[PDB]
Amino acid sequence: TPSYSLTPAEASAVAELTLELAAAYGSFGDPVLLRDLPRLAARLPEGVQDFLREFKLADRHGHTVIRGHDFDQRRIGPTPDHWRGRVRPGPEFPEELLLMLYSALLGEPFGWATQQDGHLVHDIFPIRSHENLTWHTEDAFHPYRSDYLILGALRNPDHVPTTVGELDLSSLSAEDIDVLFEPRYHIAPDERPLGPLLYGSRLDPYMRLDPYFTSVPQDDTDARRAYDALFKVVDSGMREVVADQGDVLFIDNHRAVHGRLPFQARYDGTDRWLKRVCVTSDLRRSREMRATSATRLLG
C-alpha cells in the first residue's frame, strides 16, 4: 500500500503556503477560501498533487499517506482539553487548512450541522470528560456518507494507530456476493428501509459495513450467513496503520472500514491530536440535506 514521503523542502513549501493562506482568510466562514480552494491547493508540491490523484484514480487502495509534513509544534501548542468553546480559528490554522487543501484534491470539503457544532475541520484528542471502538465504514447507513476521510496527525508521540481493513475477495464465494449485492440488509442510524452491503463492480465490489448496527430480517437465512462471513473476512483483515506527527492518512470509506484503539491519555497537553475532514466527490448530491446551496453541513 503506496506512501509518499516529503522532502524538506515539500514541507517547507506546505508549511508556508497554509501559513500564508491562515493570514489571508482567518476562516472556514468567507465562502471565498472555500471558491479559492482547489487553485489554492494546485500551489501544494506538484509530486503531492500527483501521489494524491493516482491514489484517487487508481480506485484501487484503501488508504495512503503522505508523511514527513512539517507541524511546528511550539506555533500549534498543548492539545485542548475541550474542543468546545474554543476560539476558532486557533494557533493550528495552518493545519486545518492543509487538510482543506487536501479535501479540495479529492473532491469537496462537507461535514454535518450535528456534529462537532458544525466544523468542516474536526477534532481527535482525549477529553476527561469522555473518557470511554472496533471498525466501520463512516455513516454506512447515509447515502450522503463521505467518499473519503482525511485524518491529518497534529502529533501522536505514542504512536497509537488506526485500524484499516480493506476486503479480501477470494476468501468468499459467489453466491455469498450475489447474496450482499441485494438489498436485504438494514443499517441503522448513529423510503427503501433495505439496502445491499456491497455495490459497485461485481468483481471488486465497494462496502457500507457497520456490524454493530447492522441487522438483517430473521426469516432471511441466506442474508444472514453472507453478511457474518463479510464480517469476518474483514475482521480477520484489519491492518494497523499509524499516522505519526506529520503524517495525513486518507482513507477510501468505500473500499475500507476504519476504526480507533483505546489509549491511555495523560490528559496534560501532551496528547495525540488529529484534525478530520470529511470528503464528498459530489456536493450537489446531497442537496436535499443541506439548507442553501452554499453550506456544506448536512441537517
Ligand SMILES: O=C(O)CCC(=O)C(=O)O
Contents of the next structure:
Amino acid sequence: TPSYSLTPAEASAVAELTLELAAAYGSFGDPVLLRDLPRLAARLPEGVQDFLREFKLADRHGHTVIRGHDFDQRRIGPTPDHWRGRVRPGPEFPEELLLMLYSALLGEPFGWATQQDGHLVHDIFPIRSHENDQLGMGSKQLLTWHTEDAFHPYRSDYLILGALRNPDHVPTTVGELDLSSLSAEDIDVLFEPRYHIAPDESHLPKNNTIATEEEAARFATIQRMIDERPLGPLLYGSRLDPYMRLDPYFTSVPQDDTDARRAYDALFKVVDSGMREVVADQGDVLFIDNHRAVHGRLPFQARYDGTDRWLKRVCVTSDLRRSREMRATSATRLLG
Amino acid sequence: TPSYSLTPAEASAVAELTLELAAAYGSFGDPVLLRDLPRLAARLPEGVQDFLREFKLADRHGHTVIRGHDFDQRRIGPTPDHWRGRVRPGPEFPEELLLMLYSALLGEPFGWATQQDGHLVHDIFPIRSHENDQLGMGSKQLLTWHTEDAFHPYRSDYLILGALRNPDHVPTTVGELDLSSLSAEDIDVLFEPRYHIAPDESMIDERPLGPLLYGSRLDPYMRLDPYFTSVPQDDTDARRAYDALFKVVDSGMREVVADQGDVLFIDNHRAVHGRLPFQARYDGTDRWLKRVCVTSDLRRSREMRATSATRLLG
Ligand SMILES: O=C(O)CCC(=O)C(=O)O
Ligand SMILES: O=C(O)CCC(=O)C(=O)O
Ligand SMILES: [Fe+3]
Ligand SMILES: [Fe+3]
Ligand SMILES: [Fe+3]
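Moving from the form solved without 2-oxoglutaric acid, what structure would you give for the form solved in complex with 2-oxoglutaric acid?
Below is the entire complex, every chain and molecule, led by the chain shown above.
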C-alpha cells in the first residue's frame, strides 16, 4: 500500500497555500471557490499531484495516505462539542480547503442535503448525546466495516479523511479484496445479480418530506429499488481485479440461493480477515477508494473536553451529472 | 450560446504552450503525457480554464466555442489523403495536444480500440475512398443528427471538435431540447425504458429497452439517435411521445460553423449534432477537424477495457 510522506518543505508549502486561499475566499458558500478548485489544486507541490494522479489512474490500490502535513493546533483550536451552531467557516477552514483541493484532483466533492446541514466537508468527532450510537459522531460503539452507501447507485467513488487530531491514535479499519483467496466459481456468483442490498434509513424517500411533484421525482429511483427489490452483484468491473460493494449489515442473501450464501460467506471471511488498522494521525490525510475498499472505526472513549479525535471528511464523485435526477438544481452538489 | 474569444496574447500563450509540449513528449503513446494532462492543462490561460469550468458546471448549454486560436497553417500543412498508414505524430501534433488538454479540463480522454487505429485524437476530413458513405470521414450526410453512440452505456459525455481548417465554412448542426413544446405526460413516458436503440457497426452486451430522456424531468438529458431508434408497435403512447420529441428536436436544430481556430465543445447529454453535406476539393486544402471524446468517469467503463490503464474501449 503506497503512501506519500511530505518533506518539511512540502508541508510548509501546503500550509501556506492553504492559509492563502482561506484568506482569499469567504467560505464554501462562494461558488467561485468551487469553480476554482482544480486550478487551485495545481498549486500544490507537484510530487503530491503526481502521486494522487498515479493512484487515481492506477486503479489498483484500495487506499493511500499523504502523511506529514502541518496542521497548526493553536490555530485550529478545541474539537467542538457539536457541529450544529458553529460559526462558519471555522478556524480550521484552511484544512477543509485542503481536502477540497485534493477532492478536485480526484473528482468533484459532493454531499447529502440532509447530512450536517449540506456541508461539503463533514465533521467527524465525538458528540456526548450521540455516544451510544453506531455513527461517525459516536465513540463507545464499534463502527463495523462498510463500503459507503453500498446500495446507492450514486454513492461515493472516493472518500478523503483528514485528521486534525487523533491523540489516542484511534485507527480507521480499512479492508481490500484479496481475490486469490476466493474460489473462481465463488467469483462467478458474486458477479451475478443475486444479492439484495437494502437502502439505509437516512436515504429513504419517506424519511424526508413527501411535498410537491419534483421533490418526489428526486427519490423515484430509490423508491423503485425499495418497491421492486432488484437483486444485484457484490463484485463488478473486471473479473481479474474486481470492484466490490459490501455492507454486511444491509446485505440479504436469499435463503434458497445456496450458491450465493456459500460465495458471500467466502467473500465476507476474506474481507473480514484482511481488515487493517490504519491510524490517521494528526496531519495525515487518508484516501479510500469506495470501489476497492471497505472501512470502519474501532470503539474509543471520548473526553468531551475539546481534546478529542477530530477528522474532516469529503466525499468524491467521478461524475456529478450522473446524480442529476436526485439533485434539486444543476448547480447544487447535494443529493436529496 | 456563450463563447470565449481569445485575445492575441492568449492565442500566443496557447500556441507557445502546445509547441513546447509537442517537443517535450513523444506522442500520446507516452503514458506520462496522459498522466500529466490535467496539471499541464492548468498552464493554459486562466480565463480559458475558468470559462470551460463554468460551461461544465453550469450544465446549461448544449455546446460552447473557444475562438481565435492560432493554428499555424504552414506548420500544419496540407489536409492529408487518408488517416491510415499516415505517421503518428504529424506536424499538427500541437493542435492534438491542445484538444487533449481541453479534454483533461472536462474529464478524461478516451476512444474506441477499433476506430481509426484507436487513436485518442480522431481525424475528420473528406476521404475520396470513404466518400458517399454515411460515415464521418465522407463528404455527405443529410441531417442525420445524433447523440454520439446513443446506444452505448459508456458513450461520450462531451465531444471536442478543433477546426484546423474550414475554408468553405461548412456547418456542424447542433440541437438542444426545448421543453415548452412538450407535454408532461410525454416527458414521463420518454423517461421510461420503452425504446430500443440498436448498435452501430463502426464484448458482453445484452438487448434491453431504454429511455430517451434521463436526468431531471424539468431539464432532461437526452440519448437520441433517430436512425437506430425503434418503438415496440404495441406501445402507442411511447410512439406518440417519441414523435413529439423528434419534432421538437429536429425543428430546433442550428447550424454552427467551426471556423479555422475554433474549438467546438458539444455536451453529449444536452445536444444532438450532425454534419451537413459539402463539396470537397480533395486538393489538401479541404476542411480538417480534430476530435476527442471525453468521459466524466473512466472507471465506469472498466469492464469493456483491456486493462486498467487503457483508455480504449472494445
Ligand atoms: O471515523 C472514521 O475514521 C471513519 C468514519 C466513517 O466510516 C466515515 O466517515 O464514513
Ligand atoms: O464534422 C462535424 O462537424 C461532425 C463530426 C461528427 O459527427 C462526429 O465526429 O461525431
Ligand atoms: Fe463510512
Ligand atoms: Fe449514507
Ligand atoms: Fe457524431
